[PDB]
Every structure is written in structure tokens, then in C-alpha cells.
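Just the one chain here, laid out as C-alpha cells, in the form deposited in one PDB entry.
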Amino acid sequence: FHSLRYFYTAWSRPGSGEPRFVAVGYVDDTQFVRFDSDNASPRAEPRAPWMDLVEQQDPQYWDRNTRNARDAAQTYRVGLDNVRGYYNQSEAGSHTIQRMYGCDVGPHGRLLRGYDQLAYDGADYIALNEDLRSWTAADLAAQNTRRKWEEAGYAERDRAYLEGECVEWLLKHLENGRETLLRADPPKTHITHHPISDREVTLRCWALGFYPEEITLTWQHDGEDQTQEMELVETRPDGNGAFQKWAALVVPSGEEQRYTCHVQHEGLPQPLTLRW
């Protein structure tokens, strides 16, 4: 399946200026949009190639999304003071509101899940339920928001976007961005070798330039899986729009040939098996 997701962060800056508001959109693992409220006359801006064509495909796209983000930044600067009062916090400290919303779509452009979720200082605050008719508030302070949103009928407007508009734009981005988004790039894999002592040696299994981010790297010894024994770094961006990961075992010297690295990724034909 494919997903369109937006990530909002807003935070107060006591003693330095107004609150800051940053928005980024993503189709799957590719960022296509940003907004930063700290620019003079902040505009929504393209972060992926196919977005430099939306101006001729939808002549109003930038103006209405700019407008939308600017109102969002204004709404949350007030939301920061509302929520701070809910928790009876002073104006001295900085605090953070985050929002994550978007849609998961399977084949034939059909909606799987919609979601809209908010965090305050990094903890769950309020979330739209899977049925998109209702809200879950994480604590008593967030029930202030729940009652407001329920009375005002906001879940229905959220559902309207998530079911109609979120889906339609996922499709448009997928199609207009076919070459970037619909690709699956295999990893480029190799094994390096570092000894530490004479009874032990580090074997590091590398995966470079793959898209999407989803990947599994597994080390086996004689077919028995070494997951509990290995060192996996968290998958990292390569900076060109793909990702890197490595897995490493420390193995008895001389026995290198009894360890295999299994690599699974969505655009490999078959899971690969590598040795040194």
C-alpha cells in the first residue's frame, strides 16, 4: 500500500520571539512539501521534483496550501497557550505541539486507515479513532479539547478530508511522481571484515542506496538466526532520497564461512544470502 502523511511541529519560544511552526509532507518515505513560519512571508515549498509541476497542474495549489499552513501556524500559537493553561503551566518554559495525520491507501485508490493525532511535549494528547467518528483523549487536560472538538463536529470534517481529499492527493502524487515514488531500488550489499582479538572478528553486512526504508538484515550461523547476538544500526538516510543500514556480528576467527547475511527488501527478486 501507499501513504500520504503530514507532520506538524509547533513550539513556544519565551524570551525569543513568537512560536515556531514547521510542516512537512511525505508520500511513503519521500518528503514532498515544507512550511516554516520563520521565513518572511512563509510559503509552502516543493521538496521533491514532481512538485515543481503542480503549479501548472493545479494553479491554486501553492496559494491555498500556503494560506492553510499560515492559518495553521496562527491556530497553534494560540493552541500552545490554551493547552498550557489546561496543565496550569507558566509562560517561562517552552512547550511543543505535534500533529500527525494522513491516509493509508491500497490498490484501486481505496482507503485503509485514516488518522489524525496530536502530542503535547512528546506525549499522546488527543487522537482521532479508527472509525473517524470519535476522539480518544490521553488525560484529563486533553478532555478540554475532546469536548470542544465533539461539540463543534470536527471529526466529520476530518473524515471528509481523510476519505476524500487525502486519497485523491495520494493518487495525484503517486501518478505525477511515478518515477520517484513507485520505484523500488534494491540495496547494494557487501560485507566488510574487522578483527578485534585473535579469537573474535567483526563481520559487518552493508546495505546502501535502497528505497523504500523497509528492510530486514539477518545474520545466521549454520541456519540458526543470530538476531539476539548482532548489532543493528537504525536505518539512516543517505541524503539522496534512499537509505542505508548495516548489521554486524563478532565471530570466531577462522570460521567466517559459516555465517551468512540474509537481506530482504521489496524490490529484490529473492532475499539475498551473502558471505565474506
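By rigid core we mean the largest C-alpha set that fits within 1.5 Å across both forms. Residue numbers count along the first chain shown, from 1. First, how it differs from the form deposited in another entry.
- With the rigid core aligned between these two forms, the listed residues 165, 200, 156, 175 include just one Cα displaced by at least 2 Å, namely that of 200.
- Once both forms are fitted on their core, a CA shift of 2 Å or more is seen for residue 14 between these two forms.
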Second form
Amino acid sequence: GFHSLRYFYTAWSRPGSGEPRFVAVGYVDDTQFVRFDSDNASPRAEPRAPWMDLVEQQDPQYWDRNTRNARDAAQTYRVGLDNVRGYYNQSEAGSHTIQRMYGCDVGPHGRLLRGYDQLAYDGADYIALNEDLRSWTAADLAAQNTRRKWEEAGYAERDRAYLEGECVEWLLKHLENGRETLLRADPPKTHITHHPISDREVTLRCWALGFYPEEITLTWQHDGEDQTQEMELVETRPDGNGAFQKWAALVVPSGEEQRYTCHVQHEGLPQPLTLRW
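Following the display of the form deposited in one PDB entry, present the structure of the form deposited in another entry.
Just the single chain follows, nothing else.
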């Protein structure tokens, strides 16, 4: 199964809070390993995962080189805010946002499945690198200005050369260093809880805790019949320890609890689970 190295840039203006801010974070799969925050004095690229403590000795220039790259990005996208505002003729008293997401998916053979670079303005698609990694799709007339500038700059080929070369190499390097964290599939710990509401109704809540990676499926059934439409399913949420939690809950009539089952699929489970109260 594939792995992915992904980087996420946010530059935004915050009129009334001071100068624009830039935050750049990396992830391998669902685990964040690095951050850069322009609000720091002399901001540096900084490790956010324990296995990253080992890269200083393997790559003594890693932190200085990543600090330079992120500082350069911080300058580019914060100036970019003023550039794009000018394309739209937007006033500077408003808050605006540029986001960039780029990275690579690698398959089980160690080779690139796909690269991507996409940008958003005020939360909407703005410009994206096409799947051929030589050309750009521009969302509107303003983004066509950007597109022309990046075609003249030959930036797609610089993108392609990173996404196909360096991105893949580094994903492989991180998967090796962070093997114990990244290559785990930690199954959910599951249980059902029982919450009477009224005299004739009760809530059954099916819990999945401590699982990695994030992808999971929770379902309720009644007599083998899928309850998806009637259940309350919360969005998967981080537990703050590097894993995730989810639950699905259902209102059933008192006395009928034994008729319902919870079904859990997660890649760390040897087979899908069925739980009953």
C-alpha cells in the first residue's frame, strides 16, 4: 500500500493582528514530522516527530537547508498575497489567504505513483499543476496572470524534478527512519457504551480508540440491516498522542439493545469486528 509525503503552506493576512503570517507543515501519511512558523523570531524549520531527532546526524545540513527553503517560501507567499489582491483589486483591510499543497505518493515498489502541486486563494482552487507535471490549470482570469508568470519562470519543470526525484527519495528516507511510527497499523480498541435517555429509549455508542492510520469504517446494523442513515457518526479526530478516535451512536428502544451490532473495519484488524451489547 502506498505512502505519501505531503507539505501544507498557509500564508494569511490578519488586519488588526499585525504582519501577515506563514505556517508550513509536513506529513508522512497521517503523521506530522516538521513545522515552520514565521511568527517566531529568527524562525527555523523544526522537528515535530521523534524519529526526526535522528536526521541531524545523517544530514547535518537538513535543518539549515529546510530553514532557508521555508523562509524563502514565507517571503514568496506573503508577497503573493499582495500580488493576488492586486489582480482582483481587493482592499488591504481584508484578510486573505493563500494555501499550497504539494507532495508525492509512492507505491509498494518504491516508485512514484503521482506528484501534485495545488494552490488555493481564499479557500478556493486558484492554480494547480496538471497531472502531466508540465502545465497548469488556472481557475479564472486572475490566476492566468500567475500561470503566465510560472510558464515564463519554467516552474513546472522545477516542480516535476522535485516531485519525481527528491520528494520520493525523502519519503523513502522518512519511512525508514520513522519505521516504528509510520509502518504501524494500530487497530482500534473498541467497546459499546449504553446511555439511557428516557424511559423507553437509550443510546448505544460504538467507540474506536487509539487507531492508526486515520482511515476507518464504523457501521451499525439492525438484524443484519445497515443503519447508516439513522446513526450519528462523528468525524475522525486526533487523540493528541499520534493516533485517532471515532464513534457512531444510535437511538434504540429500551429492551431491544441485543438486536443491534457494531461493525469496525480498520487495516490493523486481522478481520473486521462485530460487537454487541
